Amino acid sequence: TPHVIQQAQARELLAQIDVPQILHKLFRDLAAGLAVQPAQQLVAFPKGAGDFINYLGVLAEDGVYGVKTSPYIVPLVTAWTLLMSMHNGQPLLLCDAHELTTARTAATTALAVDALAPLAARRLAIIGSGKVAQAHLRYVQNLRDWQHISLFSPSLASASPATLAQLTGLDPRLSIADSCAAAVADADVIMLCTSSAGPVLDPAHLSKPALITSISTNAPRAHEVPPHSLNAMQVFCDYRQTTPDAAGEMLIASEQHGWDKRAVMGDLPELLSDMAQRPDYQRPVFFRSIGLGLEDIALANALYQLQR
(Lines of atoms letter the chains of each structure in order from A and count residues from 1; the text may use other names and numbers.)
(Lines give C-alpha, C1' and ligand atoms only; values in the text may rest on other atoms or scores of the structure.)
Protein backbone atom coordinates (compact mmCIF):
# COMPACT_ATOMS: atom_id res chain seq x y z
CA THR A 1 0.00 0.00 0.00
CA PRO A 2 -1.05 2.46 -1.03
CA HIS A 3 -1.74 1.16 -4.55
CA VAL A 4 -2.02 3.77 -7.47
CA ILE A 5 -4.48 2.60 -10.17
CA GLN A 6 -4.48 4.60 -13.41
CA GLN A 7 -7.00 4.73 -16.26
CA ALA A 8 -6.09 1.40 -17.88
CA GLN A 9 -6.10 -0.73 -14.75
CA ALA A 10 -9.27 1.07 -13.62
CA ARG A 11 -11.33 0.30 -16.73
CA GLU A 12 -10.09 -3.26 -16.43
CA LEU A 13 -11.27 -3.65 -12.86
CA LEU A 14 -14.42 -1.61 -13.52
CA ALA A 15 -15.44 -4.31 -16.03
CA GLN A 16 -15.19 -6.94 -13.25
CA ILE A 17 -17.62 -5.39 -10.75
CA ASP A 18 -21.37 -5.21 -10.49
CA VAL A 19 -21.97 -1.50 -10.16
CA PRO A 20 -25.79 -1.56 -9.75
CA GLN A 21 -25.48 -4.06 -6.92
CA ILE A 22 -22.75 -2.10 -5.19
CA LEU A 23 -24.94 0.99 -5.47
CA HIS A 24 -28.23 -0.67 -4.52
CA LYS A 25 -26.75 -1.87 -1.22
CA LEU A 26 -24.91 1.45 -0.65
CA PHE A 27 -28.13 3.44 -0.60
CA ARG A 28 -29.80 0.80 1.55
CA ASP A 29 -26.73 1.05 3.80
CA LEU A 30 -27.13 4.87 3.60
CA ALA A 31 -30.75 4.69 4.73
CA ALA A 32 -29.79 2.56 7.70
CA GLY A 33 -27.08 5.00 8.93
CA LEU A 34 -24.30 2.52 8.12
CA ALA A 35 -22.96 5.01 5.61
CA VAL A 36 -22.58 8.78 5.81
CA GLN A 37 -22.95 11.21 2.89
CA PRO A 38 -21.52 14.70 3.62
CA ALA A 39 -22.40 17.55 1.27
CA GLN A 40 -20.06 18.16 -1.66
CA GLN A 41 -17.64 21.09 -1.42
CA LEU A 42 -16.96 23.40 -4.37
CA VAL A 43 -13.81 25.60 -4.18
CA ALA A 44 -13.18 28.32 -6.81
CA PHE A 45 -9.70 28.87 -8.23
CA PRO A 46 -8.50 32.50 -8.45
CA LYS A 47 -8.47 34.47 -11.72
CA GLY A 48 -11.42 32.59 -13.29
CA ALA A 49 -9.00 29.72 -13.83
CA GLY A 50 -11.63 27.20 -12.68
CA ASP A 51 -12.59 25.18 -9.63
CA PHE A 52 -12.74 21.71 -8.10
CA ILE A 53 -15.29 19.77 -6.19
CA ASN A 54 -14.41 17.34 -3.48
CA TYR A 55 -16.79 14.47 -2.74
CA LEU A 56 -16.83 12.52 0.51
CA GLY A 57 -18.28 9.27 1.72
CA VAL A 58 -17.97 7.04 4.77
CA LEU A 59 -18.55 3.28 4.28
CA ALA A 60 -18.34 2.04 7.87
CA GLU A 61 -19.83 -1.33 6.75
CA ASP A 62 -16.59 -1.73 4.75
CA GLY A 63 -14.24 0.06 7.18
CA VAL A 64 -13.16 2.71 4.67
CA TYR A 65 -13.86 6.40 4.00
CA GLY A 66 -12.58 8.54 1.18
CA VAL A 67 -12.56 11.65 -0.90
CA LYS A 68 -12.84 12.19 -4.63
CA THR A 69 -11.37 15.37 -5.97
CA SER A 70 -12.56 16.65 -9.28
CA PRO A 71 -11.00 19.79 -10.85
CA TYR A 72 -12.35 21.87 -13.74
CA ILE A 73 -9.33 23.56 -15.38
CA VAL A 74 -9.92 26.02 -18.20
CA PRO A 75 -11.64 22.71 -20.78
CA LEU A 76 -10.06 20.02 -18.63
CA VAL A 77 -11.95 17.87 -16.08
CA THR A 78 -10.48 15.00 -14.02
CA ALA A 79 -11.35 12.77 -11.07
CA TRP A 80 -9.18 11.14 -8.43
CA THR A 81 -10.21 9.18 -5.44
CA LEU A 82 -8.33 8.48 -2.27
CA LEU A 83 -9.53 5.76 -0.06
CA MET A 84 -8.60 5.60 3.57
CA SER A 85 -8.96 2.88 6.19
CA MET A 86 -11.29 3.48 9.14
CA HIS A 87 -9.18 0.95 11.11
CA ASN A 88 -5.56 2.23 10.87
CA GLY A 89 -6.25 5.59 9.19
CA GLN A 90 -3.67 4.76 6.45
CA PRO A 91 -4.31 5.16 2.67
CA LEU A 92 -5.54 2.02 0.90
CA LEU A 93 -5.84 3.15 -2.69
CA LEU A 94 -5.48 6.17 -4.96
CA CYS A 95 -7.50 5.72 -8.12
CA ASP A 96 -8.03 7.65 -11.32
CA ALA A 97 -11.85 7.74 -11.45
CA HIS A 98 -12.60 9.17 -14.87
CA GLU A 99 -14.44 5.92 -15.82
CA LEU A 100 -15.84 4.98 -12.39
CA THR A 101 -17.74 8.30 -12.41
CA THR A 102 -19.37 7.55 -15.76
CA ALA A 103 -20.41 4.13 -14.50
CA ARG A 104 -21.85 5.27 -11.19
CA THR A 105 -23.71 8.19 -12.74
CA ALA A 106 -25.42 5.88 -15.21
CA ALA A 107 -26.06 3.14 -12.67
CA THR A 108 -27.41 5.63 -10.15
CA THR A 109 -29.95 6.95 -12.64
CA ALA A 110 -30.77 3.30 -13.54
CA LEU A 111 -31.78 2.58 -9.92
CA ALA A 112 -34.12 5.59 -10.10
CA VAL A 113 -35.70 4.31 -13.32
CA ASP A 114 -36.25 0.80 -11.90
CA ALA A 115 -37.94 2.23 -8.80
CA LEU A 116 -39.89 5.13 -10.28
CA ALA A 117 -40.91 4.21 -13.82
CA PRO A 118 -44.21 2.34 -14.48
CA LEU A 119 -43.63 -1.46 -14.45
CA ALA A 120 -45.13 -1.67 -17.92
CA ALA A 121 -43.57 1.36 -19.53
CA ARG A 122 -42.34 0.66 -23.02
CA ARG A 123 -40.99 3.83 -24.57
CA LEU A 124 -37.62 5.32 -23.75
CA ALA A 125 -35.97 8.54 -24.81
CA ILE A 126 -32.41 9.62 -24.33
CA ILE A 127 -31.15 13.17 -24.76
CA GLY A 128 -27.39 13.65 -25.19
CA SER A 129 -25.07 11.23 -27.02
CA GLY A 130 -21.84 11.23 -25.02
CA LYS A 131 -20.41 8.60 -22.68
CA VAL A 132 -22.88 9.32 -19.89
CA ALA A 133 -25.81 9.00 -22.27
CA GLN A 134 -24.19 5.91 -23.77
CA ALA A 135 -23.64 4.37 -20.33
CA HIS A 136 -27.19 5.35 -19.36
CA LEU A 137 -28.54 3.20 -22.19
CA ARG A 138 -26.46 0.21 -21.12
CA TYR A 139 -27.70 0.28 -17.53
CA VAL A 140 -31.37 0.91 -18.34
CA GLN A 141 -31.77 -1.24 -21.49
CA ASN A 142 -32.68 -4.43 -19.61
CA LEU A 143 -34.87 -2.85 -16.90
CA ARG A 144 -38.19 -2.87 -18.73
CA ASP A 145 -39.63 -4.38 -21.94
CA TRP A 146 -38.61 -1.45 -24.11
CA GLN A 147 -40.44 -1.47 -27.47
CA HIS A 148 -38.55 1.62 -28.73
CA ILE A 149 -35.48 3.59 -27.69
CA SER A 150 -34.95 7.01 -29.30
CA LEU A 151 -31.90 9.15 -28.61
CA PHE A 152 -31.19 12.52 -30.15
CA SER A 153 -28.21 14.83 -29.98
CA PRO A 154 -27.66 17.97 -32.02
CA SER A 155 -24.39 16.61 -33.39
CA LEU A 156 -25.98 13.41 -34.71
CA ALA A 157 -27.69 15.02 -37.74
CA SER A 158 -24.26 15.62 -39.28
CA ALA A 159 -22.72 12.47 -37.77
CA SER A 160 -20.31 9.87 -39.11
CA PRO A 161 -22.56 6.90 -40.04
CA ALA A 162 -19.83 4.77 -38.49
CA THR A 163 -20.23 6.37 -35.06
CA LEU A 164 -23.92 5.83 -35.56
CA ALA A 165 -23.26 2.12 -35.99
CA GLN A 166 -21.55 2.16 -32.60
CA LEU A 167 -24.64 3.75 -31.15
CA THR A 168 -27.12 1.63 -33.06
CA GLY A 169 -24.98 -1.38 -32.08
CA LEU A 170 -25.73 -0.76 -28.37
CA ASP A 171 -29.37 -1.86 -28.74
CA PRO A 172 -31.32 -3.17 -31.83
CA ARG A 173 -34.52 -1.41 -30.65
CA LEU A 174 -32.82 2.02 -30.83
CA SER A 175 -33.29 4.54 -33.63
CA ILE A 176 -31.55 7.95 -33.96
CA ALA A 177 -33.88 10.97 -34.05
CA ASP A 178 -33.78 14.37 -35.73
CA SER A 179 -35.21 16.58 -32.99
CA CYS A 180 -35.67 16.64 -29.20
CA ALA A 181 -39.39 16.81 -29.91
CA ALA A 182 -39.33 13.60 -31.97
CA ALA A 183 -37.32 11.55 -29.49
CA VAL A 184 -39.60 12.21 -26.52
CA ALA A 185 -42.83 11.51 -28.29
CA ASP A 186 -45.16 9.27 -26.33
CA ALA A 187 -42.20 8.52 -24.10
CA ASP A 188 -42.63 6.93 -20.69
CA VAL A 189 -39.12 7.58 -19.51
CA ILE A 190 -36.88 10.37 -20.81
CA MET A 191 -33.29 10.43 -19.66
CA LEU A 192 -31.65 13.87 -20.06
CA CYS A 193 -27.92 13.13 -20.22
CA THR A 194 -26.64 16.44 -21.58
CA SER A 195 -23.92 19.00 -20.72
CA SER A 196 -26.46 21.79 -21.30
CA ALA A 197 -26.43 24.69 -18.86
CA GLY A 198 -30.03 25.47 -19.72
CA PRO A 199 -33.35 23.66 -20.40
CA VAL A 200 -33.29 20.99 -23.05
CA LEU A 201 -36.97 20.15 -22.48
CA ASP A 202 -40.18 21.64 -21.11
CA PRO A 203 -42.25 18.96 -19.23
CA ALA A 204 -45.60 20.61 -19.91
CA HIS A 205 -44.88 20.21 -23.63
CA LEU A 206 -45.03 16.41 -23.41
CA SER A 207 -47.84 14.29 -24.80
CA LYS A 208 -48.17 12.27 -21.63
CA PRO A 209 -46.73 12.29 -18.11
CA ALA A 210 -43.27 10.73 -18.09
CA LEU A 211 -40.36 10.06 -15.80
CA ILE A 212 -37.66 12.64 -16.48
CA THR A 213 -34.14 12.05 -15.24
CA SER A 214 -31.44 14.78 -15.17
CA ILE A 215 -27.71 14.50 -14.44
CA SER A 216 -26.29 17.85 -15.77
CA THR A 217 -23.89 19.48 -13.34
CA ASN A 218 -20.81 21.00 -14.99
CA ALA A 219 -22.06 24.58 -15.14
CA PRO A 220 -23.01 27.17 -12.57
CA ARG A 221 -26.51 26.23 -11.51
CA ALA A 222 -26.86 23.88 -14.46
CA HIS A 223 -30.34 22.62 -15.26
CA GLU A 224 -31.95 20.55 -18.02
CA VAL A 225 -35.57 21.53 -17.40
CA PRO A 226 -37.29 24.91 -16.67
CA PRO A 227 -36.87 25.56 -12.92
CA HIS A 228 -40.51 26.63 -12.65
CA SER A 229 -41.71 23.19 -13.93
CA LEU A 230 -40.74 21.49 -10.64
CA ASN A 231 -43.93 22.98 -9.18
CA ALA A 232 -45.97 20.86 -11.63
CA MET A 233 -43.89 17.69 -11.22
CA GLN A 234 -43.42 14.98 -8.55
CA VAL A 235 -39.79 15.61 -7.67
CA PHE A 236 -37.26 12.98 -6.56
CA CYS A 237 -33.43 13.15 -6.13
CA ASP A 238 -30.41 10.97 -5.37
CA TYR A 239 -30.08 12.36 -1.81
CA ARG A 240 -32.52 14.67 -0.03
CA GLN A 241 -30.14 16.24 2.52
CA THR A 242 -27.53 17.66 0.14
CA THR A 243 -28.68 17.80 -3.50
CA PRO A 244 -31.61 20.28 -3.14
CA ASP A 245 -29.08 22.85 -1.81
CA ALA A 246 -26.75 22.45 -4.82
CA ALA A 247 -28.99 21.51 -7.85
CA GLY A 248 -29.36 24.49 -10.18
CA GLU A 249 -33.07 24.10 -11.01
CA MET A 250 -34.08 23.52 -7.42
CA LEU A 251 -32.15 26.60 -6.30
CA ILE A 252 -33.66 28.74 -9.04
CA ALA A 253 -37.18 27.39 -8.42
CA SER A 254 -37.10 28.04 -4.67
CA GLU A 255 -35.62 31.53 -5.20
CA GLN A 256 -38.00 32.55 -7.99
CA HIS A 257 -40.91 30.19 -8.44
CA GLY A 258 -42.04 29.57 -4.87
CA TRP A 259 -40.78 26.00 -4.88
CA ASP A 260 -39.72 24.40 -1.58
CA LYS A 261 -37.34 21.48 -1.06
CA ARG A 262 -39.86 20.01 1.34
CA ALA A 263 -41.67 19.06 -1.83
CA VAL A 264 -39.09 16.39 -2.71
CA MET A 265 -41.20 13.25 -2.44
CA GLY A 266 -38.31 10.78 -2.06
CA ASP A 267 -34.62 10.04 -2.61
CA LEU A 268 -32.80 6.84 -3.47
CA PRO A 269 -32.24 5.62 0.10
CA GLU A 270 -35.95 6.04 0.86
CA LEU A 271 -37.18 4.43 -2.38
CA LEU A 272 -34.87 1.43 -2.00
CA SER A 273 -35.99 0.87 1.56
CA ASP A 274 -39.73 1.16 0.95
CA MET A 275 -40.07 4.37 2.99
CA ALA A 276 -40.76 6.74 0.06
CA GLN A 277 -43.95 7.52 -1.87
CA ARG A 278 -44.09 5.77 -5.27
CA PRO A 279 -45.67 8.35 -7.53
CA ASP A 280 -48.79 8.31 -9.63
CA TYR A 281 -48.35 9.75 -13.08
CA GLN A 282 -51.08 12.36 -12.78
CA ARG A 283 -48.16 14.64 -13.30
CA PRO A 284 -44.71 14.25 -14.69
CA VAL A 285 -42.15 12.75 -12.30
CA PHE A 286 -38.66 14.29 -12.12
CA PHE A 287 -35.53 12.67 -10.79
CA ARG A 288 -32.38 14.81 -10.21
CA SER A 289 -28.84 13.56 -9.84
CA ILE A 290 -25.67 15.64 -9.31
CA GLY A 291 -23.43 12.82 -8.08
CA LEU A 292 -22.70 11.72 -4.52
CA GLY A 293 -19.36 10.69 -3.08
CA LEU A 294 -20.66 7.47 -1.55
CA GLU A 295 -21.26 6.43 -5.21
CA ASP A 296 -17.52 7.32 -5.72
CA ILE A 297 -16.20 5.83 -2.47
CA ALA A 298 -18.16 2.58 -3.12
CA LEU A 299 -16.67 2.10 -6.55
CA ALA A 300 -13.11 2.78 -5.45
CA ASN A 301 -13.57 0.46 -2.48
CA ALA A 302 -14.73 -2.25 -4.96
CA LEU A 303 -11.55 -1.90 -7.07
CA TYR A 304 -9.45 -2.06 -3.89
CA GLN A 305 -10.89 -5.40 -2.79
CA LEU A 306 -10.04 -6.81 -6.25
CA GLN A 307 -6.64 -5.11 -6.22
CA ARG A 308 -6.08 -7.08 -2.99
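Residue numbers count along the first chain shown, from 1. Take the two forms, find the largest set of C-alpha atoms that superpose within 1.5 Å, and that set is the rigid core. Compared with the form deposited in another entry:
Measuring CA movement between these two forms with the rigid core aligned, the set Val36, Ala263, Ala44, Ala32 has one residue at 2 Å or more: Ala44.
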Second form
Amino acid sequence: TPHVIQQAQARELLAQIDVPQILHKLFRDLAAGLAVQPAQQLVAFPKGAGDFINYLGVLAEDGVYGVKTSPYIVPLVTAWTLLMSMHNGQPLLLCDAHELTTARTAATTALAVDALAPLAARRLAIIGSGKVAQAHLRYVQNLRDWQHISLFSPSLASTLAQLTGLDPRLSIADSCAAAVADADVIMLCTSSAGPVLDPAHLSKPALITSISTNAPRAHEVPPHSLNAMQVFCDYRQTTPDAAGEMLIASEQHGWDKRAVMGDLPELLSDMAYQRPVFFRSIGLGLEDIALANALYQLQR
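Please supply the corresponding structure for the form deposited in another entry (the preceding block corresponds to the form deposited in one PDB entry).
Chain only, nothing else included.
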Protein backbone atom coordinates (compact mmCIF):
# COMPACT_ATOMS: atom_id res chain seq x y z
CA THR A 1 0.00 0.00 0.00
CA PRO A 2 -0.85 2.42 -1.33
CA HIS A 3 -1.83 0.81 -4.64
CA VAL A 4 -1.71 3.31 -7.52
CA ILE A 5 -4.40 2.62 -10.16
CA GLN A 6 -4.19 4.38 -13.53
CA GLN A 7 -7.05 4.71 -15.99
CA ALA A 8 -6.89 1.37 -17.83
CA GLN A 9 -6.81 -0.84 -14.70
CA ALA A 10 -9.47 1.34 -13.05
CA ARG A 11 -11.83 0.70 -16.00
CA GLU A 12 -11.06 -3.05 -15.93
CA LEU A 13 -11.77 -3.13 -12.17
CA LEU A 14 -14.85 -0.89 -12.63
CA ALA A 15 -16.36 -3.50 -14.98
CA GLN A 16 -16.20 -6.17 -12.18
CA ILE A 17 -18.17 -4.10 -9.65
CA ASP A 18 -21.93 -3.68 -9.15
CA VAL A 19 -22.08 0.11 -8.83
CA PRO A 20 -25.92 0.19 -8.37
CA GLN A 21 -25.53 -2.34 -5.56
CA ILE A 22 -22.70 -0.40 -3.89
CA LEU A 23 -24.56 2.93 -4.03
CA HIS A 24 -27.78 1.24 -2.84
CA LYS A 25 -25.87 0.12 0.26
CA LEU A 26 -24.14 3.48 0.68
CA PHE A 27 -27.45 5.37 0.88
CA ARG A 28 -29.04 3.09 3.45
CA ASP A 29 -25.84 3.48 5.44
CA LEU A 30 -26.06 7.24 5.05
CA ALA A 31 -29.71 7.02 6.17
CA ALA A 32 -28.55 5.11 9.29
CA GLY A 33 -25.72 7.55 10.04
CA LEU A 34 -23.12 4.84 9.17
CA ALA A 35 -21.63 7.19 6.58
CA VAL A 36 -20.97 10.89 6.67
CA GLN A 37 -20.96 13.37 3.79
CA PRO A 38 -18.60 16.33 4.48
CA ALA A 39 -18.74 19.59 2.53
CA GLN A 40 -16.90 20.06 -0.76
CA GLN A 41 -14.21 22.70 -1.11
CA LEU A 42 -13.54 24.72 -4.24
CA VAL A 43 -10.40 26.66 -4.98
CA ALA A 44 -9.84 28.97 -7.95
CA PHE A 45 -6.51 29.05 -9.76
CA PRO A 46 -5.00 32.56 -10.31
CA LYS A 47 -5.75 34.31 -13.60
CA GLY A 48 -8.79 32.36 -14.81
CA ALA A 49 -6.52 29.34 -15.30
CA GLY A 50 -9.16 27.05 -13.72
CA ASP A 51 -10.61 25.60 -10.48
CA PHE A 52 -10.39 22.39 -8.48
CA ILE A 53 -12.99 20.75 -6.26
CA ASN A 54 -12.23 18.32 -3.44
CA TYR A 55 -15.06 15.89 -2.64
CA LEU A 56 -14.98 13.92 0.63
CA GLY A 57 -16.55 10.83 2.16
CA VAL A 58 -16.32 9.09 5.52
CA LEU A 59 -17.21 5.37 5.40
CA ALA A 60 -17.03 4.81 9.15
CA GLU A 61 -18.41 1.30 8.91
CA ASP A 62 -15.70 0.29 6.40
CA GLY A 63 -13.00 2.16 8.33
CA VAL A 64 -11.97 4.32 5.33
CA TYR A 65 -12.28 7.98 4.33
CA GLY A 66 -11.20 9.66 1.13
CA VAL A 67 -10.78 12.76 -1.01
CA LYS A 68 -11.43 13.03 -4.73
CA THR A 69 -9.54 15.98 -6.20
CA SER A 70 -10.94 17.19 -9.56
CA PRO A 71 -9.02 19.98 -11.34
CA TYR A 72 -10.61 21.86 -14.21
CA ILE A 73 -7.89 23.41 -16.33
CA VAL A 74 -7.98 25.54 -19.47
CA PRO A 75 -10.97 22.53 -20.83
CA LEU A 76 -9.23 19.58 -19.18
CA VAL A 77 -10.99 17.89 -16.30
CA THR A 78 -9.51 14.99 -14.39
CA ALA A 79 -10.33 13.27 -11.09
CA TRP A 80 -8.19 11.37 -8.57
CA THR A 81 -9.29 9.59 -5.37
CA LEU A 82 -7.11 9.06 -2.28
CA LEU A 83 -8.45 6.46 0.15
CA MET A 84 -7.07 6.53 3.72
CA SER A 85 -7.47 4.13 6.64
CA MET A 86 -9.42 5.33 9.70
CA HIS A 87 -7.61 2.58 11.65
CA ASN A 88 -3.95 3.51 11.08
CA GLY A 89 -4.16 6.81 9.12
CA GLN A 90 -2.21 5.36 6.16
CA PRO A 91 -3.11 5.63 2.41
CA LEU A 92 -4.79 2.57 0.89
CA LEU A 93 -5.42 3.64 -2.70
CA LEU A 94 -4.75 6.42 -5.21
CA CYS A 95 -7.08 5.85 -8.13
CA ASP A 96 -7.89 7.65 -11.41
CA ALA A 97 -11.58 8.38 -10.79
CA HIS A 98 -12.51 9.79 -14.25
CA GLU A 99 -14.65 6.77 -15.24
CA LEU A 100 -15.71 5.96 -11.67
CA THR A 101 -17.37 9.40 -11.56
CA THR A 102 -19.40 8.85 -14.75
CA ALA A 103 -20.63 5.50 -13.44
CA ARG A 104 -21.67 6.65 -9.97
CA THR A 105 -23.51 9.63 -11.45
CA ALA A 106 -25.50 7.51 -13.88
CA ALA A 107 -26.04 4.77 -11.28
CA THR A 108 -27.20 7.37 -8.72
CA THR A 109 -29.78 8.71 -11.21
CA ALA A 110 -30.58 5.06 -11.98
CA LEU A 111 -31.39 4.33 -8.32
CA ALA A 112 -33.71 7.36 -8.35
CA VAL A 113 -35.46 6.23 -11.60
CA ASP A 114 -36.03 2.81 -10.01
CA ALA A 115 -37.37 4.21 -6.77
CA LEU A 116 -39.54 6.91 -8.44
CA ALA A 117 -40.62 5.95 -11.95
CA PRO A 118 -44.13 4.38 -12.05
CA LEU A 119 -43.90 0.64 -12.53
CA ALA A 120 -45.54 0.58 -15.98
CA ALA A 121 -43.40 3.31 -17.63
CA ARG A 122 -42.84 2.81 -21.34
CA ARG A 123 -41.29 5.94 -22.86
CA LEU A 124 -37.84 7.32 -22.05
CA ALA A 125 -36.21 10.58 -23.06
CA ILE A 126 -32.52 11.31 -22.62
CA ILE A 127 -31.34 14.87 -23.33
CA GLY A 128 -27.57 14.96 -23.79
CA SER A 129 -25.47 12.44 -25.74
CA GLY A 130 -22.11 12.49 -23.94
CA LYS A 131 -20.61 9.75 -21.79
CA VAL A 132 -22.81 10.70 -18.80
CA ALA A 133 -25.92 10.34 -20.98
CA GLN A 134 -24.72 6.99 -22.39
CA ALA A 135 -23.93 5.66 -18.90
CA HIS A 136 -27.42 6.80 -17.84
CA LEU A 137 -28.88 4.73 -20.67
CA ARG A 138 -26.65 1.73 -19.81
CA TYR A 139 -27.84 1.90 -16.19
CA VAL A 140 -31.52 2.46 -16.83
CA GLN A 141 -32.11 0.46 -20.06
CA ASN A 142 -33.19 -2.58 -17.95
CA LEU A 143 -35.20 -1.00 -15.10
CA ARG A 144 -38.60 -0.95 -16.90
CA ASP A 145 -40.27 -2.38 -20.02
CA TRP A 146 -39.38 0.58 -22.23
CA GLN A 147 -41.17 0.48 -25.61
CA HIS A 148 -39.53 3.68 -26.83
CA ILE A 149 -36.32 5.57 -26.00
CA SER A 150 -35.52 8.98 -27.41
CA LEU A 151 -32.21 10.88 -27.43
CA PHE A 152 -31.49 14.51 -28.36
CA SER A 153 -28.47 16.83 -28.46
CA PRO A 154 -27.92 19.86 -30.77
CA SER A 155 -24.75 18.34 -32.32
CA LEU A 156 -26.63 15.13 -33.26
CA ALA A 157 -27.81 16.39 -36.68
CA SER A 158 -24.36 17.62 -37.81
CA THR A 159 -20.89 8.05 -34.74
CA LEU A 160 -24.71 8.00 -34.73
CA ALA A 161 -24.60 4.19 -34.89
CA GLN A 162 -22.82 4.06 -31.51
CA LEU A 163 -25.78 5.89 -29.96
CA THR A 164 -28.47 3.72 -31.56
CA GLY A 165 -26.20 0.68 -30.99
CA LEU A 166 -26.57 1.00 -27.17
CA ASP A 167 -30.21 -0.17 -27.30
CA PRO A 168 -32.47 -1.39 -30.19
CA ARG A 169 -35.30 0.89 -29.01
CA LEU A 170 -33.32 4.13 -29.32
CA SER A 171 -33.95 6.73 -32.05
CA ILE A 172 -32.46 10.19 -32.55
CA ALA A 173 -35.05 12.98 -32.26
CA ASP A 174 -34.53 16.25 -34.13
CA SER A 175 -35.70 18.37 -31.15
CA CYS A 176 -36.00 18.38 -27.36
CA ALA A 177 -39.81 18.64 -27.67
CA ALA A 178 -39.97 15.57 -29.96
CA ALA A 179 -37.76 13.52 -27.59
CA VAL A 180 -39.83 14.37 -24.50
CA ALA A 181 -43.22 14.20 -26.25
CA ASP A 182 -45.31 11.65 -24.37
CA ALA A 183 -42.38 10.73 -22.07
CA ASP A 184 -42.86 8.95 -18.74
CA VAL A 185 -39.24 9.53 -17.77
CA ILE A 186 -36.98 12.32 -18.94
CA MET A 187 -33.32 12.27 -18.02
CA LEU A 188 -31.50 15.59 -18.41
CA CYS A 189 -27.86 14.67 -18.97
CA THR A 190 -26.39 17.93 -20.26
CA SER A 191 -23.54 20.35 -19.61
CA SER A 192 -26.07 23.25 -19.82
CA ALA A 193 -25.82 26.23 -17.45
CA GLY A 194 -29.49 27.07 -17.88
CA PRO A 195 -32.91 25.47 -18.52
CA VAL A 196 -33.26 22.84 -21.30
CA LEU A 197 -36.81 21.83 -20.43
CA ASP A 198 -39.84 23.59 -19.01
CA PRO A 199 -42.19 21.08 -17.26
CA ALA A 200 -45.16 23.32 -18.24
CA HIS A 201 -44.42 22.27 -21.85
CA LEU A 202 -45.15 18.59 -21.03
CA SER A 203 -48.17 16.71 -22.40
CA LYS A 204 -48.43 14.77 -19.11
CA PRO A 205 -46.77 14.28 -15.67
CA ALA A 206 -43.29 12.78 -16.04
CA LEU A 207 -40.27 11.96 -13.91
CA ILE A 208 -37.56 14.48 -14.64
CA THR A 209 -33.97 13.91 -13.47
CA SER A 210 -31.12 16.45 -13.66
CA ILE A 211 -27.34 16.22 -13.21
CA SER A 212 -25.77 19.37 -14.67
CA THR A 213 -23.18 20.90 -12.31
CA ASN A 214 -20.58 22.53 -14.54
CA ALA A 215 -21.33 26.13 -13.90
CA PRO A 216 -21.87 28.23 -10.88
CA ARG A 217 -25.52 27.47 -10.18
CA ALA A 218 -25.98 25.35 -13.28
CA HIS A 219 -29.50 24.13 -13.77
CA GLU A 220 -31.56 22.35 -16.43
CA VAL A 221 -35.16 23.28 -15.49
CA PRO A 222 -36.59 26.82 -14.81
CA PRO A 223 -36.12 27.44 -11.04
CA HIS A 224 -39.74 28.59 -10.68
CA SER A 225 -40.95 25.15 -11.90
CA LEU A 226 -39.85 23.44 -8.65
CA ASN A 227 -42.96 25.05 -7.09
CA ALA A 228 -45.01 22.98 -9.60
CA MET A 229 -43.11 19.67 -9.13
CA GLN A 230 -42.85 16.90 -6.54
CA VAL A 231 -39.19 17.43 -5.67
CA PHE A 232 -36.64 14.75 -4.75
CA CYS A 233 -32.85 14.84 -4.57
CA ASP A 234 -29.72 12.80 -3.90
CA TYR A 235 -29.19 14.03 -0.28
CA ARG A 236 -31.59 16.30 1.69
CA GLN A 237 -28.87 17.77 3.92
CA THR A 238 -26.48 18.99 1.16
CA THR A 239 -28.16 19.41 -2.21
CA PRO A 240 -30.71 22.25 -1.51
CA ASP A 241 -27.93 24.62 -0.49
CA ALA A 242 -25.98 24.12 -3.72
CA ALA A 243 -28.22 23.01 -6.57
CA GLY A 244 -28.59 26.12 -8.71
CA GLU A 245 -32.34 25.79 -9.44
CA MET A 246 -32.93 25.15 -5.72
CA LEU A 247 -31.06 28.23 -4.50
CA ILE A 248 -32.63 30.44 -7.17
CA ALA A 249 -36.09 29.02 -6.44
CA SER A 250 -35.69 29.70 -2.72
CA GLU A 251 -34.20 33.18 -3.24
CA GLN A 252 -36.64 34.40 -5.89
CA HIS A 253 -39.69 32.10 -6.20
CA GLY A 254 -40.31 31.46 -2.48
CA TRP A 255 -39.54 27.71 -2.71
CA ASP A 256 -38.89 26.10 0.68
CA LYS A 257 -36.44 23.14 0.99
CA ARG A 258 -38.90 21.44 3.34
CA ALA A 259 -40.94 20.84 0.16
CA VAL A 260 -38.33 18.15 -0.73
CA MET A 261 -40.37 14.96 -0.49
CA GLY A 262 -37.43 12.52 -0.23
CA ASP A 263 -33.74 11.86 -0.85
CA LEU A 264 -32.10 8.57 -1.85
CA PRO A 265 -31.32 7.64 1.81
CA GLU A 266 -35.03 8.06 2.63
CA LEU A 267 -36.29 6.37 -0.57
CA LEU A 268 -34.02 3.31 -0.21
CA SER A 269 -34.93 2.82 3.48
CA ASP A 270 -38.68 3.40 2.84
CA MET A 271 -38.90 6.64 4.89
CA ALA A 272 -39.98 8.88 1.98
CA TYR A 273 -48.23 11.16 -10.23
CA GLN A 274 -50.81 13.96 -10.36
CA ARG A 275 -47.89 16.39 -10.70
CA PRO A 276 -44.52 15.92 -12.49
CA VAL A 277 -41.71 14.48 -10.34
CA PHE A 278 -38.28 16.14 -10.18
CA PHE A 279 -35.08 14.36 -9.06
CA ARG A 280 -31.89 16.40 -8.62
CA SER A 281 -28.39 14.98 -8.24
CA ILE A 282 -25.31 17.19 -7.92
CA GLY A 283 -22.76 14.46 -7.01
CA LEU A 284 -21.69 13.43 -3.49
CA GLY A 285 -18.12 12.69 -2.42
CA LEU A 286 -19.55 9.63 -0.62
CA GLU A 287 -20.32 8.08 -4.03
CA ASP A 288 -16.73 8.63 -5.12
CA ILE A 289 -15.27 7.17 -1.92
CA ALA A 290 -17.63 4.17 -1.86
CA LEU A 291 -16.54 3.29 -5.43
CA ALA A 292 -12.80 3.75 -4.78
CA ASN A 293 -13.23 1.55 -1.72
CA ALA A 294 -14.92 -1.14 -3.83
CA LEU A 295 -11.89 -1.00 -6.18
CA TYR A 296 -9.58 -1.16 -3.16
CA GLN A 297 -11.34 -4.25 -1.69
CA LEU A 298 -11.34 -5.82 -5.18
CA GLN A 299 -7.62 -4.97 -5.68
CA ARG A 300 -6.72 -7.06 -2.55
